[PDB]
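Excerpt of the complex: some chains, original placement.
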Amino acid sequence: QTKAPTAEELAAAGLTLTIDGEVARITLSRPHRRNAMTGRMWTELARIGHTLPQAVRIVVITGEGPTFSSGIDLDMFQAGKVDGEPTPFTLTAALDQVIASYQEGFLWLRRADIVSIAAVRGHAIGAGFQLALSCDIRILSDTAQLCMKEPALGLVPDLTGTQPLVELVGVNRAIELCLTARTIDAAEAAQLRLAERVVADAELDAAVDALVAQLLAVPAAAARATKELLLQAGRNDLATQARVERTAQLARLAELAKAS
Amino acid sequence: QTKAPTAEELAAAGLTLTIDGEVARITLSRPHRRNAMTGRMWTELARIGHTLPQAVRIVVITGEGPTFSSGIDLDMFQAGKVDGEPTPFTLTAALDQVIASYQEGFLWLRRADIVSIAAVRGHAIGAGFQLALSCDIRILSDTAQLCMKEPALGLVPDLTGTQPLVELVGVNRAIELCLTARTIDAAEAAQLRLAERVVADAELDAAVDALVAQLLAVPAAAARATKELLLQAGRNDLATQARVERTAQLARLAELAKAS
């Protein structure tokens, strides 16, 4: 709330944030720990989302080094403090609130006024896979490997990953992936629609930059209104969706006419 | 209402309609304008749907010439009359009603008692893509190119395209396609499930005729009842869908027994 987290605050939580005009880049920045995630990292992610400047309309998430994220830092299942905050294992209404605070680090990636992109190389495991899933678009390196590992550890996926997983691959494949907890390669991810594009590792940065340029070339207000429409389409009946579309078009035509 | 539009009325709106027994063929018929669509064309499409004879159970939509449709005629964004009716730009409750009248040209393609097929060659852009999306089945030529262009023009898709797009390719890919407004080729369309079949251009008419023959070989009442069931499946819980299926089967068994 109020002020954005500082670069120093973010560095202590394992993140870097750079903003250039309409594009924000968030980098997981603990390569020696394979970008293992902590509670503090998730709650700072939430803080970044709540305080981004209004002009930002694209958010790119990637990892420093060859691994996107190994998932949750195993110290989070020990008694003490991790990154200065108490672990779940320490702590049920209070645990419920902490988990809800962590989920807020992922939920904002669906906001209609941003397009979020995960640029994934190497392993995205567990919480790492759920971070990539929470983004609108995934661009994978040919090195990428994805795994919903939580059930293998006796846990469920609780960082908002279940819904996008089922939307991408269907409930049946989702069951297979989660209940085997198996690791899939980038070719398989592409086949299952988990990646919107797979490119050679050397080309991942250029592929993300090409997609950013394509998005910036579409006007901001139409992009936002259209994303808002698409997120409602699945759950609406057709008659309702047609009304919602029509309502949105009136606002576009209004803005365009006042503009000229 | 009451009488079907005449061939002369349809020709002035850029359409041809031929009916042979149980099959109706609607052709966009302005090849020199790349079958660009107008308000009058949409409201005549709605009139065709409301007055088709009861025996028609299949509807095939294609374009005259090498382009299915370039989308909305740019004159629709000018002050005057297009095809004899006032433009949106001329005109908000009244604009809401006009848009709703245009949507009715697309909505009826989902009726349970028809199977609608879009046979697409060359470009289907914007309103043209939404027409193809509104059909049950798309058969593409290898020449086909699809593009949701509206956001690039500062507009949203409001001709009922959002829901089938999300059902076909998933919300994530839908965001990518709409917010980049990019053009996809037929091979990509096939990969994304946007086309049920892609064939050589010379073979498009034969492919449509083969599919028509397959549909006609299934009895009309079972086809209708089954389409009605499938359209309800996504939004129902499993227990409810099983009840709906069972209810439909009682009616089939009834009709079959009275038949014999």
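The first chain written gets the first letter, and so on, giving A and B; residue counts start at 1 in each chain.
By our rule, a residue touches a chain if its C-beta (ideal position, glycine included) is under 8 Å from a C-beta of that chain, and two chains touch if they have at least 3 such contacts.
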| item | value |
| --- | --- |
| Given 2 placed chains, full-complex copy number | 3 |
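One rule holds for everything that comes next: only the chains that are shown with their structure count from here on.
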| item | value |
| --- | --- |
| Distance from chain B to chain A - Cα centre to Cα centre, in angstrom | 34 |
| Touching residues on chain B, where the partner in the complex is chain A | 88-89, 92, 95-96, 99-100, 103, 107, 110, 150-160, 162-163, 165-167, 170-176, 178-182, 234-235 |
| Residues on chain A engaged by chain B in the complex (per definition of touch) | 115, 136-138, 164, 167-168, 193, 196, 211, 214-215, 217-219, 221-223, 225-227, 229-231, 233-239, 241-242, 245-250, 252-257 |
